[PDB]
Amino acid sequence: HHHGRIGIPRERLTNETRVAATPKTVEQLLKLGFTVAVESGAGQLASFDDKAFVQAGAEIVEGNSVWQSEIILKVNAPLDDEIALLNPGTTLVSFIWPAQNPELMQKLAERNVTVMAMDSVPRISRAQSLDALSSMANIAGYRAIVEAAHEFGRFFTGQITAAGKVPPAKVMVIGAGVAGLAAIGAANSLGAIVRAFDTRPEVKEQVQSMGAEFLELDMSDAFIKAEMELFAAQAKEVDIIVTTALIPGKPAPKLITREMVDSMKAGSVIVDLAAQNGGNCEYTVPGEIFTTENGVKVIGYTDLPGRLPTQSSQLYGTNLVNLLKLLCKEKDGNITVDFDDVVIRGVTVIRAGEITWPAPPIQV
Amino acid sequence: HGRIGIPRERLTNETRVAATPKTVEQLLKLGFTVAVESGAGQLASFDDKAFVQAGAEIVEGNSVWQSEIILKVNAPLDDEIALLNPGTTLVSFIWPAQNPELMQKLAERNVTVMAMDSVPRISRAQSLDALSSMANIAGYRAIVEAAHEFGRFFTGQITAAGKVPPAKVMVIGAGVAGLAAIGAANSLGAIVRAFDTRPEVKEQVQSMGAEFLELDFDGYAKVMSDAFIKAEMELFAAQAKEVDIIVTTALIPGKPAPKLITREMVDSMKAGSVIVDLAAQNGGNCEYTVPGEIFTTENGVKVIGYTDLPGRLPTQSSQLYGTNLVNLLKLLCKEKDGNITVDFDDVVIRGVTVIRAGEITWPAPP
Amino acid sequence: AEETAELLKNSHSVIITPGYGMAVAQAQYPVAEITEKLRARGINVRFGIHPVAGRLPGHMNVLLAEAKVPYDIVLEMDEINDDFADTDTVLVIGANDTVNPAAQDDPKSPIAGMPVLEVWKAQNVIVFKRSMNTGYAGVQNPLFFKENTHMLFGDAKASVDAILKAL
Ligand SMILES: NC(=O)c1ccc[n+]([C@@H]2O[C@H](COP(=O)([O-])OP(=O)(O)OC[C@H]3O[C@@H](n4cnc5c(N)ncnc54)[C@H](OP(=O)(O)O)[C@@H]3O)[C@@H](O)[C@H]2O)c1
Ligand SMILES: NC(=O)c1ccc[n+]([C@@H]2O[C@H](COP(=O)([O-])OP(=O)(O)OC[C@H]3O[C@@H](n4cnc5c(N)ncnc54)[C@H](O)[C@@H]3O)[C@@H](O)[C@H]2O)c1
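Residue numbers (the deposited numbering), protein chains in the order written: chain B, 998 to 1215, 1230 to 1375; chain A, 1000 to 1216, 1224 to 1372; chain C, 20 to 186.
What the hints contain is simulated information worked out from the structure, not anything from laboratory work.
Here a beta-carbon is modelled for each residue, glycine too, at the ideal position from N, C-alpha and C.
Just so you know, not all the hints are guaranteed correct.
Stated by the list, open to error - Straight-line Cα separation of at most 16 Å, EDC-like style, residue types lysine to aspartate or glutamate; simulated pairs: (1) A:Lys1342 with A:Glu1024; (2) A:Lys1048 with A:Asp1078; (3) B:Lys1021 with C:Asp101; (4) A:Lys1021 with B:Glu1248; (5) C:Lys87 with A:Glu1210; (6) A:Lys1048 with B:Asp1273; (7) B:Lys1028 with C:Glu98; (8) B:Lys1265 with B:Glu1238; (9) B:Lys1342 with B:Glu1024; (10) B:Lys1340 with C:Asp101.
Said to hold, decoys possible - Distance windows between CB atoms, simulated: (11) C:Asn63 with A:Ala1244: 28 to 34 Å; (12) C:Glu85 with A:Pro1198: 25 to 31 Å; (13) C:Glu55 with A:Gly1208: 18 to 24 Å; (14) B:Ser1274 with A:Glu1202: 42 to 48 Å; (15) C:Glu52 with A:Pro1259: 45 to 51 Å; (16) B:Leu1027 with A:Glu1202: 41 to 47 Å; (17) B:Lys1048 with A:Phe1216: 30 to 36 Å; (18) B:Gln1205 with A:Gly1208: 24 to 30 Å; (19) C:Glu52 with B:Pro1372: 47 to 53 Å; (20) C:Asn63 with A:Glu1293: 44 to 50 Å; (21) B:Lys1162 with A:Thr1347: 22 to 28 Å; (22) B:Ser1274 with C:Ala59: 21 to 27 Å.
Next up, chain B with everything else stripped away, as it sits in the complex:
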């Protein structure tokens, strides 16, 4: 059979460019002592040469063959046909969204697969190395800056250009965690005027380190409204609002009001990174952009984590690499499904049909 072999599907989600692992990631997986198989046409999504998967060290299988393996490292949910392809036993490792997907869970339990929810990795520190949402948010942090600049009126960089002086981008990163940090990094690299906000005191030192103004805390109730007041009075001055503010398992609070947006400077962009898990801005059109009257491109691209083909495939793949590092700690090449560690205990939502969700309460 195909134990020790991985299957990496070509991803069939709409608005998708990810494969579960790019050629470099396939080599990583090989280094881990596994053999890889990938679906044909994966390269096309990942903008990489499909033949280069073979050149890297993958059996480019024609399609369904991919599903007959030790681990199916897969990006989003198995669609119900893919569910009917899932082999009883097989460690399926994907965005499951367990509590959000009760019936999908049941179907995978009937299919008796070892489901690990790459999104629902119990979010402490080593968890983040394994957690697909870390890398996906980090993709989206950079990608907030990029897709912003796609629709941005101005430069980020305050370049004193030949023509004249550039008024710079003021990048108001709301929710400096992970994707926020990457957006702060990217914008600071550009020398855009970063201003950032996040609840946890630790980010303050970081924002300050990047020559960037930390927006002070003025919680939960009463404070939620003061956050609104900060974001309005700041929206007058800023350009690029990188709204990351998401609380895991909760819809993103509607902190960027439509009114707030229409009060801003024109030529400016509010990217909703938290679009897919709730929409932090109201004006967020999921999966599109919308320009206001006042002239702010609200980019509610739900697909942001998918939007950067090769690197998204790379980093999701390296989350998987880190998972197999904690799983297959010998790097023997078969999936040691570790239950002793808290992180694998929590991520393995279903160990081979038995719904092992959650881990014991590991306070994040």
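Knowing the structure of chain B, use the given hints to seat chains A and C with the ligands on it.
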């Protein structure tokens, strides 16, 4: 009355306006009356009341045309020719060497045609030099739309899971746009590189933060040579193995851009990568470039021939075109005063003044 | 740093760990010169850039490009554990919590389950910390106290800056 008219750009799918509110302010300072079309900047996100913030007269449609300075954002289409009025200082992207037909036509309309592209490319003039300022903006924007379709980051970073390598950006045919592209990629944290025949650009490439790739081999005679095109294609074959972004930059006014990179070699390029072709607005320097589109080469090099790139960063291009125009009108209205003193002895102004009040005054002292 | 100098030439393998001290103190620019010098000496140098360390992902990765440190020796989150054991002077440029056993081994530090660089009982782990102060924790970790795993009571730049000419 000495009124500057700021139109919307009425050329199909152009994204600029002549001036943004901030730049409209600068035109007020110049001592002329400033009128903007009814929400002329909506392409570049600024409406009527946004220009009322600057303090612009909102000319309700066609009355924009009835003004002694018309800062047109590109050439007059025959529609707009008919709308133009004689005696008017029509300051625009005319592209005279690309538009001899328009030259004859604006001569019939008897306008003072100042071609903003056609500024003498010297030090002092760079503030007036719209060609290079829009190219520069487009260079920054080529790096942008390259990251829009790029597989990887520019910005090399170890993330909480995995290594992002710093992207290798090769700018080829390094015009001023190429120099700014180096500055953009460098700001993002990419390994920038550049090639061109002309040694004059190298100093800037190295400064803004890049490796100027030597010709592994006069400047025109060299540039024409067969072994030279071989050597270019060897630099290209070499970089193809490693690079992540190619910015194809060598746009000539008049002439279509030299098709440097043969199609074959683009297929040979490292996948998940982009070739942003700036030169796409005449010819384009890659052979894959269908202007307008992202042609994904079957390896996975998306050759993005976005002809509209100088438009694509709407408010920036508008802001800085506006700043080039203010710059021009500074030397045109030296006294302030507020009168269009078109200079001839100032050879850069003599350059831009391609037609004055009817008679074609093109070309100009080099 | 006067110790750390003689210690460096002894080392054969050197892990330079960029955890916060490097960045805040601008110790990356001088590190580039000394590591180049260690390279000329013939010393197996590995920068261990664990991303989650102090301030922001990547960050110190491109800061080393700013310093012009070669990406060959820049090993970003490579679990170079076997070279860790082989290394003598691990220059832990700040970084105490990013190598802190009480974050993973003990589930004890606020950085709960931090995948710390397992370098305790290497041949030497000179942790550039001017005081036994709390990082993100640094509770009871041998990296503070022990003979090889010991706090160099100096600043990140300052210590590098002396060893830069001392060696
Ligand atoms: N990078 C990211 O992506 C990110 C984001 C969020 C949180 N974090 C977290 O930060 C945690 C701790 O990382 P870390 O240990 O690198 O940083 P840290 O805990 O912030 O710093 C640890 C120690 O470095 C020392 N230090 C700082 N500057 C120095 C200098 N100038 N001279 C001498 N010593 C210096 C300090 O000791 P003295 O005061 O005695 O000098 C400090 O106690 C990581 O485990 C991670 O959980 C990282
Ligand atoms: N140890 C490390 O180095 C490390 C690094 C990054 C993250 N983490 C872990 O990630 C876990 C979850 O955080 P995440 O960032 O991944 O989550 P996330 O991506 O769901 O949310 C992003 C950010 O939005 C912020 N946010 C939410 N409401 C906010 C509000 N009202 N105003 C401003 N900001 C707000 C949160 O603080 C969070 O940091 C943390 O508990 C932490 O344990 C650890």
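Evaluation of the provided hints:
1. A:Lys1342 with A:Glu1024: 15 Å, holds
2. A:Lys1048 with A:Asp1078: Measuring from Cα to Cα gives roughly 27 Å; hence the hint is violated.
3. B:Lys1021 with C:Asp101: Violated, because 23 Å separates the two Cα atoms, which is more than 16 Å.
4. A:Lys1021 with B:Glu1248: Satisfied, since the Cα-Cα distance of roughly 14 Å is no more than 16 Å.
5. C:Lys87 with A:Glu1210: 14 Å, holds
6. A:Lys1048 with B:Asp1273: Holds, because 13 Å separates the two Cα atoms, which is no more than 16 Å.
7. B:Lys1028 with C:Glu98: Roughly 13 Å between the alpha carbons, so the hint for B:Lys1028 and C:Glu98 holds.
8. B:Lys1265 with B:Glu1238: Given pair B:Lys1265, B:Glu1238 holds - Cα atoms ~11 Å apart, limit 16 Å.
9. B:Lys1342 with B:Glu1024: With Cα atoms ~14 Å apart, B:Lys1342 and B:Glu1024 stay inside 16 Å; holds.
10. B:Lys1340 with C:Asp101: With a Cα-Cα distance of about 14 Å, the restraint between B:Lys1340 and C:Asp101 holds, given a limit of 16 Å.
11. C:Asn63 with A:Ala1244: 28 to 34 Å: 31 Å, holds
12. C:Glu85 with A:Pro1198: 25 to 31 Å: 27 Å, holds
13. C:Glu55 with A:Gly1208: 18 to 24 Å: Given a distance of about 21 Å, which is inside 18 to 24 Å, the answer is holds.
14. B:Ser1274 with A:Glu1202: 42 to 48 Å: Holds, since B:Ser1274 and A:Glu1202 (Cβ atoms, about 45 Å apart) stay within the stated range.
15. C:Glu52 with A:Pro1259: 45 to 51 Å: 47 Å Cβ-Cβ, so the 45 to 51 Å window holds.
16. B:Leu1027 with A:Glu1202: 41 to 47 Å: 45 Å, holds
17. B:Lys1048 with A:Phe1216: 30 to 36 Å: 34 Å, holds
18. B:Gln1205 with A:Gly1208: 24 to 30 Å: 26 Å, holds
19. C:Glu52 with B:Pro1372: 47 to 53 Å: 50 Å, holds
20. C:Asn63 with A:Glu1293: 44 to 50 Å: 47 Å, holds
21. B:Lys1162 with A:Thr1347: 22 to 28 Å: For B:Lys1162 and A:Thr1347 the Cβ distance comes to about 25 Å; the hint holds.
22. B:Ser1274 with C:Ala59: 21 to 27 Å: 60 Å, violated
Checked against the numbered hints above, the structure violates hints 2, 3 and 22; every other hint is satisfied.
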